[PDB]
Each structure stands twice: as C-alpha cells, then as structure tokens.
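Below is a structure I'd like to ask you about.
Only a single protein chain was left out; the remaining protein chains are all shown in position.
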C-alpha cells in the first residue's frame, strides 16, 4: 500500500493554517467604522513545521484605497519597525520557503507563504496593510500589520537521506549508508524532529512500531516526499518504538524511532496518595490524608533564562478548570479564583505541549514549555475532593 | 505580628435570643479564621473552621459571617449548656493570634 | 520544459454517467497542474488549479485528483453542457506555458 | 450565578433577588461572569403575571434577538457575537421564563455585553409598611475563542467562524468534505430561505454509510453534543456538532437545497484523526 | 480519632527549665503534613502561642520567643516535647498541645486551624 507522502494528507476543503484575513467583506475588515477605531495586529511568533501563513486582501479594483507594504508582500518583507527597510525574503536566511499568490477568486486575493523548520536562525518579518486612504463620512480608515517570527527550532533536527536527490540546504543527515540490514534505530531526545526523505512510504508510516508498545508523535507532517516525526515532549516508558517502511532501490528500508531517557522531574504538586506513580513530581502533599478543615496550598516557582521542562498536577479529585488547557488567574488574598483564561494567552508563549493521563482515579495534567517567556507570570489550578481543596500556583519567570 | 480582637467584652442574654460576636484583624488574613468556644476548665472546641463555614458535629444554630478584616459569628436561639468563653483566631501565618474573648452566660 | 500526454484523445460516454480523463506528465510536477475546459466557439477557461481545487463558479461535478506524474479529471453525472476539450498544463517548474494534446468528450 | 465545568453551564437565578414581597440588603447585584466558547448560560426569571410581579420589565425588551451592548442601546446578539443561539421558554405552569444563550464554538474577539431585569417598580404593602423591589444587572464577558470551527460556511458571511466561506452564486453546486475527530467543533450555516435535508440537522442527518438514508444523531451516537437554530436575526440557519469520548468512525451529511442552488456538507468522524493544525494560533489584538 | 495527651511537672522551682511531652494516640506523626505546636493559657487570661516544629524536625517559634524554647519530635514513640528555660513567676499556666497547619509563606504547606487539642496540664512557678 505504498503511497507518496504528499498523498497521505487526504483532502480537506478547509485551510488549516495561519489565516490573517483582511477583507472588507470579512469579519476583520479594514474599512472605516464607528464600532472599532484601532488597527489589527496578526502576530505569529513561533516555529513552523512546513506551515502556511495566509494574508487575505481585498481586490485592487473593488477597494483601490487599500494598499499593502511592500506591494509584493511575502516576496519582499519589511525588516524594521522604525527604519522601514524592505528586503528580499530570499536573503533573510529562510530555507525551502515558498510563496503562492492566488487571484482567481473574484472577492479577495490570497497570499500564502509556506515555511520549513530548517531555518538556522530566528527570523522576523512584517507586512503592513494601509487602508487610511479610504475615508467615509470624514472618518479615516484603519491600518493593519502581520508580524511573523520564525523561531529557529530549539532542538536538533535529523534527516534520513533515502532519496536519490541531494539536499544541500540542510546538511545534518544519516543517508543510506548508515542503515544496517536496511533497519535504522535512532535514539532521539524530546522535541527532536526526524525529517525522513522517501518517495514511497507505508500508508500507516510512523503510526505502529514493531512491538515495544507504541507512542504517538504530536505531529506527523507529510510534505513533498518528506515525513516529519516530531518526538514527544514527555515519555513514561523505555520499551517504546515507532516503525516506518520504504521500498527505495527495491529494498524494504525500515526505520525505527525510539527515545532513550524518560520521566523528567515534573515541577508540580502530587496530591495523590499513590507513592508508586510512574510520574515524579517535585512537591507532594496528600489531600485524602488531610482533614476536612484544611485548605492545601502549594506553589511551584521556576526561574531560568530558557525553559525546557514541564509543569504538572496529579490529583484524585476533580480539577477546576480543565487544566492545563485552561487555567485560573492570580486571585489571592481576595477570593477563590473564578475566571478562566487560556494558558497560551496566559503565559504569552505559543506551541506549549499539553499532556493528560488517568492513573486509576488519579487525573494527571501536564504542560511542557520550550523557549523563553516574555514576562514573568503566574496562574493557579484547583483540585477539589469531597469538600477539601488544593490550590497549585505556578510562578514562571 | 497580626493582632486580633474580639468584641464586645462580655455578653448577657436570655434563652432563645440571637447574638452576634465581632472579630477584627490587624492585617489581611484572607478568609482564614477559626471560632472556638471553651467551657471553664476544659479544652477549647473548634466551633467554626473557616469564616462563613461550619464544623461538622455542631448544631446548625451557629452561623459564620466574615471575609477580609471584619468577621462575625451569630448564635440563633440559646441553650442552657451554651455558657462558655469564645476565641477568635487566625490560622494564616505564624504566630497564631487569639482574640481576647467574650463570656456567654444564661440570664 | 515538460510534455504532458493525454489518452484517449476522444472520450465517449452517455449523459448522466461519469467520464474519466487522464493526464500523464513525463517529469515530476508534484501537485501543480491546471485543467482548462474549452467549449467550441469560445476561448478556454480555467477549470481546475492545483489538480484538486475547483475554480470559482464551477459546479462540484468537476472533480480533480492525482499528484506527481499522473492526474485525473472525473466528470460525474455529465450534463448536456459539459462537452468540450480539456487541456492540462504543468506550472511547477519553468516554463509554465505548455498545454496538453487536448481531450474531447462526446455523446455515446 | 453558579458555574459548572462538567456540563459547562452558568446559571443565574434572579427570582428571589428582585422579589418585591421581601426586603433585600443590597440595592442592586453587580455580577460579571466571564464566559468562554460553547458556554451555555441559563437565566430563570419571573413573568408578567405572577404574585407581586406586576412591575417587572427587562432591558432589552425582547430577550430573543436583542442584547444590550453599550450604554443603553440593545444591539442584535447575532450582530455582535455571530453564531450565538438564543432560546426563550415561557412556562405558564409555574409562571416562569427560562432564557438560554449558547456561545458559538469560536469567538473572534473579546466581547462585552449586559442584561437588566427591573422589578423595583413593583410595590407592596405589609404590616402597614411600604416595601419596594429591586433590580438586577448581569454583566457578561466573553473570552477569545480557540482556532476556528472546522465546518463549512455556505452563507458566505461566517468567514471568521468556519474554514470554508464561499459566497452564494446563481446555479451553485458546492460539496463540502471535512473530517474531524473527538473534541473538535464542526457544523454548517445555510440560508434560512432554503430547505435543510433532512430537517433539524444535526438532530437528524443523512447517513453516508446508509446511502443517504435519514437517521437521528441520537441513534447514531449518545455522547455527542449538538445544537441548531433555523432562523437568526440576519436570517441564516446554523448547526454545531461536537464528538466527545467516542470510539466509532462514521460519515454523515446534510443538504441545503433550493430551486436554483444545492449545497451539501459531508462530515467524517474518525476517533484516531488529529487535525494537522499548527500548535500556535494567530493572536489578534487591537492597539492604538 | 487522633488525641493528644500532655505530661509534665505540676510545679517547678523559679529560675529553672520546664519540660513537657505530648503523646499522640490513634494517629501518627511520621507521615503527617501537619505541624504540632504549644499554646499557653495563664489562669484568668486568653491564649498565647508557643512555637511549632514539623515532623522531620523543623523549627518555628514566636518572634519574641526564639531565645529559650526548644521543641523536638520523637517519631518512634509518636511524641513531641517542649523545653522552655528560665521560668518566671508569671509563667504559671495550662499548656495545650495543638495540631495545626503551617503558615502561608512556605512553598508547600497545609493551612488549617488547631484541631484536636490536648486536655491541658497545669504548670506553676510559686515561692
């Protein structure tokens, strides 16, 4: 059932990307209005695994006042907020990016840029959309800006060169000669990309390892005969494998991925009475062994210029809110927290890697962060059992 | 050091009345506070384990009403065995501070 | 440049029955193909781009599929207005201005 | 108001708050509840014909289509928050009214509004004493949504919500094919002038495994949560669907047909399919 | 059903020490996240707090009373003792053992009122 990786994405009528819509008929329009009088910012600061950023604009004929700086955005991009210098995006250090400019639709013009995770540096580029020319009822129009920060992938990127083509754009690879009996077993750390190159792969490639249990990549991205396996951020067992197969050169080259080290010390609180849990938490305070008249409060403080670790919470009661997808606010000395915010907006860092588990009745919720937090933040989660409550407060610098 | 005071000094009421006892805290102890009653010669008992809460094993007459600086405990109806001395306390930060206390007697 | 081959040149099918047209490309083009339909007496129009996406104002019966070197345009429940000639052009690598041999759909 | 996260319901009872037959210690209740996406909000309030409730009026006057947005100007709930679902049930058995607001799966921006229930004008006499009522104000804060609902917008106006927004055209025949997994919001939005086949999608749907036969979602599955309205203020029908903890794979569809156009949405459910959407989401902010 | 029972001298000579020991019954102290402290009540007066030390052997005292008192848990007998030196004529009182949670300043802590008091013993400093 060998099919090309590009053919393993099926078909979807949606977009599945970073849509930054700016069109008069759209919700986030730019024509003058009395409800809103401020510009629109579409900020995307994160690493892209062959991901797409789209910049929908109105047609020139329909809205001649609308202008875009640079006019050929995603082909030439601004480099400074204040200097306003436009540079070709081919000289920005980008690797294997591409651009598409679709004008067939009679309502809007689409401008997509596809970006690869192989960049050797942290790139930043803007694209401004000026609509101040359009004035209606003596009211000036609003502007907009798309800011894109392509962060260099903060982990080692690996490559299997199993195709006849030469990939000079990225030189760290294993190539065909490193295979023993057409079987490769690579030991990777957490968050370690494996960009395998193969024209023909298995239909269920990187989804079912040869025995040794099985684990799931957070992403399996197929693009242009490239299969990207993103190594999981947190693992619990050692006997773990994932298998892929190729028929290149009339040989069934097998690839086996397996992490080697397990069970980081999770910076969290262990409210469960279980002392034999497969997880290892920094703190510990039983909630079932404390009496009803006691409020449990534990704090996890983290301080590092760069983060690679996690924050977790294991408890046998119910967890409020649905941590760690949503969290509370720092409401201390006033009342018990009752407002719900998203963790992604609470910490102001993208691509946070969540995790959930149910060890018997013990609900365990974790989120791991890689990178640098802009500003120091704090948040709380509550675990309630019967009438007793435990407040875990994370303070991340 | 947080200073707690209990008001008023002494209480005299007849059987079947409702009486409120106030407690003042020097600083912000959030909602951490405990109401105790002690009979002469016996160890105090945890009537109320948290402001606006009730401890298990106590009749529903006692009611807690407090949050922040001012706190209050209300007794609806009275019993002949309700004579005691009260104690307002804050279990928020060491050291533990106890109120001066009021005297409950039947008259 | 690349050359695309279409076989058969003429396709016969009764109305209301799907017909299949195939376009084979000598080199690898990935998923950058364009299918154009030309009714007699007027210019060709862009019918499908990207080998799977339908152009605006196109009924859903024109389905596109394929990738790499082989592509297919299936016309499902063919009506009386879907008789024309279809051209497949590859626009992945320079130059794009190269159309196919043209395939005709007739009435059985 | 009490919030339940297991059922994701925020209840606001005001029957005993603005009652004119008793005395209250507060003139008005200033309660602001911050909702999220797909957050049911239920308010039970008295009626115009009940004991000591003659002078009871609501701001806005109509609780179906209008919601107070800024100052004292009721703006349409659909206009400010697209895709909102409003139900107003008037029960004469107990002379009560239940108002249920369902937030759309995605909110494009932070949204603030409020409602008022005034009963202070109600007057009563007890023990030769004049007793007034009170008023209740409820402030509602809406948090920004997560990503976009993976459906199809045949309306051509709900571009922010769905990922397929195609403007209607004369003699239009579009086929929508979207595959979603567990805990993924999907749905559709058609014109209210059309015919939804089968009626009440997704309450009853065409089964693509039964050759477009009519079935009910209740028979197809039990642990799914859906919603549907037939006609909003702007005149479009909407339907939302969520699959939670379901280990079955299937395919269903719905159709919106008319004399000149025929749209269809075909949705595949796969418990082992995760959307290849990027981890980070485009954060929209307005700074001036 | 945890219980605390006091033990110590009923009278001590002035300008000396004062050693009391509280025994815990029903429960245990080796695996408890609860602090254990002393409260002193002179006759005709309120209550005054006298330190608390964790099961593993921490030390927390009254800010003006960090000079003489020492407190020690022995987990083997499930007891804990207070030694207060340099007694004074105004140190007569009844001593209660309380099982109470910690403060709010620590990283991981239990916050609770003092429940399960001891019966109390009388210590006098007379002529």
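Read from first to last, the chains carry the letters A, B, C, D and E; within each, the first residue is number 1.
Just so it is clear, a residue touches a chain if its C-beta (ideal position, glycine included) is under 8 Å from a C-beta of that chain, and two chains touch if they have at least 3 such contacts.
Participant: Considering the complete complex, identify which of A:36, A:101 or A:397 is in touch with the unshown chain.
Facilitator: Per the contact definition at the top, the residue touching the missing chain is A:101.
Participant: Footprint of the hidden chain on subunit A, which residues?
Facilitator: 59-61, 72, 75, 90, 94-104, 106
Participant: Need a quick check: the contact residues on subunit C for the chain that isn't drawn.
Facilitator: Interface with the chain not displayed, on the subunit C side: 32, 34, 42-46, 49, 55, 87, 89, 91-102.
What we mean here is this: only the chains that are shown with their structure count from here on.
Participant: In terms of Cα-based centroids, which chain occupies the most central position?
Facilitator: The most central chain, going by mean C-alpha position, is A.
Participant: Roughly how far is subunit A from subunit D, centre to centre by C-alpha average, rounded to an integer in Å?
Facilitator: From the centre of subunit A to the centre of subunit D is 30 Å.
Participant: Averaging only over C-alpha atoms, locate the centres of subunit B and subunit C and give their separation in whole Å.
Facilitator: Distance between chain centres: 87 Å.
Participant: Where in subunit B do residues touch two or more of the other chains?
Facilitator: Residues 32, 46, 49-50 of subunit B each touch two or more of the other chains.
Participant: Which positions in subunit D touch two or more other chains at once?
Facilitator: none
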